[PDB]
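Hey, can you work out the whole structure from these sequences and the hints?
Residue-level listing of the chains:
4 protein chains.
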Amino acid sequence: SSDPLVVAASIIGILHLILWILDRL
Amino acid sequence: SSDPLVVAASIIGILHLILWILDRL
Amino acid sequence: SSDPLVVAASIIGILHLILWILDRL
Amino acid sequence: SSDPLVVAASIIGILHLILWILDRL
Ligand SMILES: N[C@]12C[C@H]3C[C@H](C[C@H](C3)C1)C2
Ligand SMILES: [Cl-]
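Chains as they are written, first to last, in PDB author numbering: chain C, 22 to 46; chain D, 22 to 46; chain B, 22 to 46; chain A, 22 to 46.
Among the hints, a few may not be true.
[Unchecked claim] So the derived list for chain C, only partly shown, Cβ under 10 Å to chain B, looks like this:
{"#": "1", "residue": "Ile32"}
{"#": "2", "residue": "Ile33"}
{"#": "3", "residue": "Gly34"}
{"#": "4", "residue": "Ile35"}
{"#": "5", "residue": "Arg45"}
[As the list claims (entries may be wrong)] So the derived label-pair ranges between C-beta atoms look like this:
{"#": "6", "chain 1": "A", "residue 1": "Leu43", "chain 2": "C", "residue 2": "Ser22", "range": "30 to 40 Å"}
{"#": "7", "chain 1": "A", "residue 1": "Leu46", "chain 2": "D", "residue 2": "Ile42", "range": "16 to 26 Å"}
{"#": "8", "chain 1": "B", "residue 1": "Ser22", "chain 2": "C", "residue 2": "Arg45", "range": "27 to 37 Å"}
Rather than coming from a laboratory, the hints here were simulated on the basis of the structure. Backbone N, C-alpha and C define an ideal beta-carbon position, used for all residues, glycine too.
Written out as structure tokens, the structure is:
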């Protein structure tokens, strides 16, 4: 288990890489 | 719970995405 | 122990830096 | 506590933002 803020940052991180990849594809 | 280092990096990761969006718009 | 979604985001974050370094060079 | 893979990704995430700022400034 993890802190809700860490879970929130994990969702944000995944979206970050997706947008970063799409911004180049 | 999460380690303090993980909580700190979570805040930093959120900041990182916010900065990337603002810098992309 | 960490939430599985946090472990997934950790793997994705590590990949993110690898790709980021490769794309800048 | 947090998984070592999460701790590693936290260190790497912090380093990632540092490099992003330096390259931005
Ligand atoms: N990039 C991340 C660092 C830390 C571990 C994992 C989830 C959160 C917090 C964002 C990847
Ligand atoms: Cl955790």
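The hints, checked one at a time:
{"no.": "1", "hint": "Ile32", "result": "holds (7 Å)"}
{"no.": "2", "hint": "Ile33", "result": "holds (8 Å)"}
{"no.": "3", "hint": "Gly34", "result": "holds (5 Å)"}
{"no.": "4", "hint": "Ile35", "result": "holds (5 Å)"}
{"no.": "5", "hint": "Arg45", "result": "holds (7 Å)"}
{"no.": "6", "hint": "A/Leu43 to C/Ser22: 30 to 40 Å", "result": "holds (35 Å)"}
{"no.": "7", "hint": "A/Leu46 to D/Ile42: 16 to 26 Å", "result": "holds (18 Å)"}
{"no.": "8", "hint": "B/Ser22 to C/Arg45: 27 to 37 Å", "result": "holds (34 Å)"}
Of the numbered hints stated above, none is contradicted by the structure.
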